[PDB]
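Asker: The lines below spell out each chain.
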Amino acid sequence: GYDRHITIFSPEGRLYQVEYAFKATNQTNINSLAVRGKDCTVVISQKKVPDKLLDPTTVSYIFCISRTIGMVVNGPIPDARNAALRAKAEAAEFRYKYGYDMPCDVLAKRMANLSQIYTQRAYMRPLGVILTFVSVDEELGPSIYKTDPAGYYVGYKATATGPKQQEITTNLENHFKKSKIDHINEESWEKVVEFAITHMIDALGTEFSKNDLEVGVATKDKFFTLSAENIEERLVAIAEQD
Amino acid sequence: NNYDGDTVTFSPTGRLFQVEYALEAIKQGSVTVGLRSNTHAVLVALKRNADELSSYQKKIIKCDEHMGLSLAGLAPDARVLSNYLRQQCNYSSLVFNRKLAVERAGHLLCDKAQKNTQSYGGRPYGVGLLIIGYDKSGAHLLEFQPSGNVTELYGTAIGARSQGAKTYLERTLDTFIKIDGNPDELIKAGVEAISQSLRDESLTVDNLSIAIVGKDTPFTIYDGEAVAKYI
Amino acid sequence: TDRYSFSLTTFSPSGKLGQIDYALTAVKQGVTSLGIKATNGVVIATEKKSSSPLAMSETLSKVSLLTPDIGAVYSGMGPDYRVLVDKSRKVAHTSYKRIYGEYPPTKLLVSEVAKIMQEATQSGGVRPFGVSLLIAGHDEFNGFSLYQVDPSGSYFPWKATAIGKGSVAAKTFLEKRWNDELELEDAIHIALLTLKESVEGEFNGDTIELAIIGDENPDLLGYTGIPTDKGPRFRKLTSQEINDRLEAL
Amino acid sequence: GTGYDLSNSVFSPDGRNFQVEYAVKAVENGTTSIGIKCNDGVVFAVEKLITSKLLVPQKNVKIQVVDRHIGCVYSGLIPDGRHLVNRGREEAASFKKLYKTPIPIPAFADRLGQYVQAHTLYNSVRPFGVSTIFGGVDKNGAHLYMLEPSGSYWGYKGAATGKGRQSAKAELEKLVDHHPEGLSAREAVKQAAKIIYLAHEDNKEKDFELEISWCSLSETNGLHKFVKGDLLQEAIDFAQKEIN
Amino acid sequence: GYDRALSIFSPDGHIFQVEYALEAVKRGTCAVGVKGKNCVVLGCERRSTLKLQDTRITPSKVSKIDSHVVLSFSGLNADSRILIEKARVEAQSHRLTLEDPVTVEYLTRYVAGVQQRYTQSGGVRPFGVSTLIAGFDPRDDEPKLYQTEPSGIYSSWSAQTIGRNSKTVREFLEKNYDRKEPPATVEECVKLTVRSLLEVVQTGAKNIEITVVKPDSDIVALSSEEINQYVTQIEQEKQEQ
Amino acid sequence: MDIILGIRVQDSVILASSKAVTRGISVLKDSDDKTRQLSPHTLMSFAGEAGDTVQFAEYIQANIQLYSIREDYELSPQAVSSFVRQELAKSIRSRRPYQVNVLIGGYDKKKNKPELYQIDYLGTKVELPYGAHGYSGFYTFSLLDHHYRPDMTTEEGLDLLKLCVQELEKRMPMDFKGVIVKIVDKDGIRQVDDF
Amino acid sequence: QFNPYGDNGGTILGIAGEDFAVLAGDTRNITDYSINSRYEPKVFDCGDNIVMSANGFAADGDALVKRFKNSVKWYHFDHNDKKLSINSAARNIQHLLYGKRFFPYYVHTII
Amino acid sequence: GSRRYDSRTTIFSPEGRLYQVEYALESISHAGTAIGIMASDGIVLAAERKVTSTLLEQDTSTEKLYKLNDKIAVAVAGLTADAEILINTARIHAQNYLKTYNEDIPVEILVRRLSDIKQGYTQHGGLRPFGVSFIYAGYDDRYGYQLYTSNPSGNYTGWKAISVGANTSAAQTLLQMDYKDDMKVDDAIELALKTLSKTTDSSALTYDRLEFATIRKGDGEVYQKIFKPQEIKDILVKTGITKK
Amino acid sequence: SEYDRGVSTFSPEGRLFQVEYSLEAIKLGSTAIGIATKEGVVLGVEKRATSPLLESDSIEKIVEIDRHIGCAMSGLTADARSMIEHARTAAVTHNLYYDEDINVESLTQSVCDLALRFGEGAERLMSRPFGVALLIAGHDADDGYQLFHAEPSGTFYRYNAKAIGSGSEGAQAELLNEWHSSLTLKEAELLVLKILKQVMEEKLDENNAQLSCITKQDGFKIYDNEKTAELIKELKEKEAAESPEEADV
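Residue numbers (the deposited numbering), protein chains in the order written: chain U, 2 to 243; chain S, 3 to 233; chain O, 2 to 250; chain T, 1 to 244; chain Q, 1 to 241; chain X, 1 to 195; chain Z, 1 to 111; chain P, 1 to 218, 221 to 246; chain R, -2 to 119, 123 to 249.
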């Protein structure tokens, strides 16, 4: 019937447009992983620029929401930029109305409630994107909170999203199962970036050049995306290690 | 079969069908021809009657003292579009003391028609238009289709048997483009163009409508005995 | 341009409301959550099943506070539960506290949430909420109360009940174990036993959420000086307390 | 099941919006338009098929100006492209009014992208039927963007859309490979004329008229201007010599 | 916000919602109206005869719009209450703005216009009600009887029936109503009305309820005893053959 | 202003209203009935701002007649008074309020008792044995308070109203051109032929 | 405070003949004791042999003249090409003026 | 666009019936049984809880009998939540009438208001009707005691004794068999209890599965009494249905 | 797919569905014949009463728009009330605005403007086009006597003589053969009566048909039944006295 076109329950009690949006999230064929350091938070995303006619500096799936919150999106770039603009506006309005910067988990809950509205109302479709917000919240420390097209959101010690997410997740899980902690015990954020890149190389099983990665780092007073040369420096430091 | 219910449906081949149905409504309409020289612009239209007791539907509408149009298809949609064009010319003349440019009028008509071909509810317009005008740039002839496509031409025709008039104007292009300063000769050229598109019919005083605009010649309509000298 | 003004949930020739039954099915396919009423408090409990061990289960609250004396747990679609908890927290103030200067009674707050969910079942362009709620509250005149709210907008007062996957069997365990002379700790023990019956994975204070509407806790009030104002009745048990009562078992 | 391709914003079991892809099909049926980013600006070019010699040449403009520095050319359903250009002009007016400085090219690109992406969100509106190549010069230099009916837009060294999009893309790849330092504005104009002439072979059914515009910090002082007169004839002669 | 076009044309030229409302009228109880020389009689059949019903409070089929005009109906009672409310409100408004009570033709035209609007508005289905409006114009002794159908058509009738088995009662009336000699006395009009209703009700007199309207707002509903007297008188002639 | 008086005798309510309407320096009419029969057993006299009085009275009349037709029942005088008071109270805080004062005289058939209500343009309703709107009371009350008995007959009430009208015709700076007197009892509302 | 009205002086005169009419006006436009212009005509030909002047507030006069010319244009458009009779023009001008009954065109009008 | 998903609730069948009205009546047919009986000196309402469980808190449970006014009460058959919405609206309308006229709401006026609300929901709006049937038991000084019934169709009628919900045919047959105009309120109580015990789909009729209410005259004042569980058990053991 | 497509949908042949369906509904209507001559315009209608108990006087299918404009209807006559109201109000409003009578063509155009005011979305409009055609007759000083046919397609035509409704197809054929530029008023009345009697299912008398005229002098006059009956007798005597013959050939 038509229970597969709009956001109404199927006889099995399932919303099929939500599941199809989840499926659409992997259209980019790109994987992203987020981890927490001792006082920072790192996100790594695959950078795939097929056409050589593309300006490689305009191909990005990591967005600077506020000066503290960064958001990496798994999904097509239209819905990605839609969610990015909405989250930026929400953070600005929060700062204006309540006098302090919008926390990571608060913005995640807001975006997840909007996704729930899309899940219940029929005139709007869900966004085929998975949003991973990262920051260093002043009360909570390094914070990673993820939302999906179903309206569900939750925080992670570390997370992964994309086609190979499970693999990455397992890898990450294993490391923490070995470390018995909930973060990467390193003072500098460069080493946490190197850790994330190393474990992504381990999980995916592919070698990355400086133009194959996007790195976003959130420190207690900033969120910034690394340049190609800083990524190359991190890759060289990884290559020198054993 | 499917993809023809709304104007909001694109079809697998990328074709908007309701717009094509409006174009077909134009094709099944009456014959109207337009042609312009450097100094004048003439619309020649073949009016059609329901039967021998009915009148002949007016096909040419005056929009402003410098601009008019001929219709082919749904007369109500033609009236709506001509009223919008009158309003735009009126706004130009009152707020800016400026005669509305023919090209800008065509752009406005295009956007007005496109607004209907992208939103749920509401049908695209069902009439093709041939707009003649004489602005500060000179003489202008525009062809408007409810798809939103407006094109400026030296001469054209829309409706039934339009290909005959179009081919005649193509052959006579170098001839009529130089008919400057002679209104009656351009009118005769338009009459010949529209005659090249008649089948088993003859132009009479009752079925022919003419419109003339140009330098030192406001948009004037000729019907009835006024066209007897051209038949 | 919300053209979806017509109802999405209509009556079938069989008399069944389609989307209502489908939401009830979606509830049945959810993790089990139970509630037990005692003489000096109520208990609500549920399993905190996480997707990945990397995910922080504490950051996701299945037992939420509505008012200082009213809390709620759910079974079904998490996002619906979050938006309903927000709507309920707001309706408690807008349609009661700001009018009568006191927090709403459990019955009226349950009725407000039920009205919201019924409108979801009847309004245009909306699907019913895919959740079932167990709300435990305390007010001065009606004492302690435990209510169940279904997607249809109906609500029922329960001495003890459960919802979700292993609900039916759980309810049987409650029917044989419940009595009208039960203390709060006894109800906590019975709830823990029933949940252990209804859980497959690990069963510790980190995989179970459990809250109580019990005595007044002035240590959680935040201010001292008003003798009439006492502490809230709602208290979420710490992981340590749940693990202690498990070590007792 | 089936029937996921009859309503806009409906996700198929794949995760696609088939109406958007059908609009892309409508785009592919349109004429060829290209944009080339040079070292100090951008150059836009488009082919106008001469359906009849009754068409007045040099009229029926296809490249639209936004603000005073942005150029836009769309391949596909021309009326939808005009609608999109009008919306972009409204966005530029708003931006300049509140924020004194004229709207930057990335801001304008994001505005158009959000507009189209909104058009891919409801079953009451059909997706846009034009792929639009646009751009210009802002305080950060030259920018060239291309926007698809899906709302997806990207910054390009060179972009092309329409029937002859593949040959144009190949020629743009050749120019990007052979000129790492970057092209000049006038050279970009002549190369764009050549690329239009080469891409016309894909839709060689009817003769065409070339239309070129450019926005260059040095050649046009940063303003979008239509290439006319001697430069147009020189580019046409360059292309005609390359063809034969 | 719901403007779904429910009353639309069919390829053969029909408006199926209007015809289905007419069918709903066919399933309704029978009502009849007869014009005398100085009175109008409205009769209505009741659904069988149930003794668990409360006959004192159940709304009767004949409702007064104004002290001089009454309206009976056949079809959905719920849809009839809306028309009755609108008609009473419009009668009071016409009294307020004209200082003259409504004429029967004016009230009938208003009801017909309301129904016609309901046959051409979005998100709205036509009324499943057909009405008979009877009375006397102010300062006028001429009887007035009109019929309105869900399609919005209104027309005057010497005598007319609407509802279930309306074809039979209309045949009976066309047979037994002399336009040249209308029922002179009120008794003759009530007798013709009760015979018309008894040709279809088949049950007892409890099914038939009669109201009579005479000029200057003289409207009275007949008691069951008078109805029994009329049915006994008509049946006595039936034995005569 | 205009004279609006009312008295409640046993099994009756008598209302007196000035016959004069004067706009400017010219008395426009000497035969003005400042009353509106809301229901067969409930009458309402009105006075105040020009135009607003008749408009408000006819509006209330239409509402009461519509209620009586819908329910086939006559509203009690208390219900009509409460309705009129609510209407005036909604009016006072509107954009352009009604400046109309009314006396409602009715006969409650359920109680078989006469009832008289005084309501001002503000919505202040009181049930009183004798009432008056405007400066009229400033005189009439002093008489009534002395000469009013609860067991008075309708003729006694008419004589008392005649004494009040005489006092008004003596010590008032205006000529209200007589009064129209109406009696509301169990048999309905009648108009005294000449007062 | 802002006074939305002003006086530009001027005087107009209309005389009706047997087979003719004459509407005249001074060409002087002033403000207080200063002259704004010595040739700002106030008697306008609106077509259909209808001359009109609205003397007083020059802004309101120009506005009313433009509105009446627009009204004759739309009258021609909507009613084939029937000439606007002087009585019809007078009634239309009455409606134009009464449209701003509570913000009157501070002009005395003569056609 | 969205028209393909519109259920069109307010449409006629070819026979002249409201689809959603019939389907809501079918829904209510599966609901619990509610019976009202109007005697010469009172009115009695008796309703059966269809869903019953050993852990259901019946002390604070109210799913069948609700107080519209101190003089008017309602027995509900069908969807509880829609009924509660309608009950709130009815209470508000009654209090508005009281505030306007300083007289308690007449029963028929409230019943007709609710029925007109239902009718509006069955003629416009495109929304689903309320799946609720109401039995109003009221008192006013005009018609004395009054028993009314309303269904999703928007039609309301008056009865001496009536039943809505499940097994209405057998219940109505039994009531018509045993009802007398002269019976008193206690006889009506006995009749309602016996009809419920003979029309119950459950094993036996017990106090936990029953809601009871009496609007009586005992002073010249009416009392609206909603029976407590113990009072229900007492009247059950007294009428001989149960043993104690 | 009747209720499954848009109400303003175009047919593949380039026509509107609802417009053609309303034209069919008009074809299922009563007959209405108008004839315009230099002496006046005559309109005749078939009342088509459903039962003999219907009082044929209440079948008003010829209405007065203004003293100089009359209108006959054919089809769903209920739909025509709003159009007649709009026509009367527009005529008197033009009179108020310009102190003159509105032209016939202007009134017809103002009426036709309402035809295509149907569709969904929004101020709102109508659900369906009108199901009735109009013969609008009148006289003005500019174009003399005029007769117009107004359809629900927003299109209007000036006919010297036009028949609409059920028996229009044959009637029009008769009109085309019976009309000339020197026809008189009585001749037009007799022709309307003759063609009505030919196309009517019932025998034409003064009770099932209705005549009316528009003259520059007297205005719009609806013929009372007695004058129509006298004209019917005159036409019967005129037809009974015709003497053609083709017995030779």
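Honestly, the hints are just simulated from the structure, not real lab data. It is possible that part of the hints are untrue.
Listed next, the stretches of chain P that the computed footprint assigns to chain Q, with coverage defined by at least 3 CB atoms under 8 Å from CB atoms of chain Q [unchecked claim]: (1) 26 to 32; (2) 39 to 48; (3) 123 to 129; (4) 134 to 147; (5) 168 to 178.
Cβ atoms here follow ideal geometry from the backbone N, Cα and C, with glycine treated the same way.
Asker: Determine for every hint whether it applies to the structure shown.
Answerer: Outcome of the hint check:
1. Check result for the segment 26 to 32 of chain P against chain Q: violated, 0 residues qualifying (beta carbon to beta carbon below 8 Å, three or more required).
2. Under the rule that three or more residues need a Cβ within less than 8 Å of chain Q, the assignment of the segment 39 to 48 of chain P is violated, with 0 such residues.
3. Under a criterion of three residues with beta carbons nearer than 8 Å to beta carbons of chain Q, the stated coverage of the segment 123 to 129 of chain P is upheld, 5 such residues being counted.
4. Coverage of the segment 134 to 147 of chain P by chain Q holds [criterion: at least 3 residues with CB-CB distance below 8 Å; count 3].
5. Requiring three or more residues with a Cβ within less than 8 Å of a Cβ of chain Q, the coverage given for the segment 168 to 178 of chain P holds, as 3 such residues are present.
This entry does not satisfy hints 1 and 2, going by the numbered hints stated previously.
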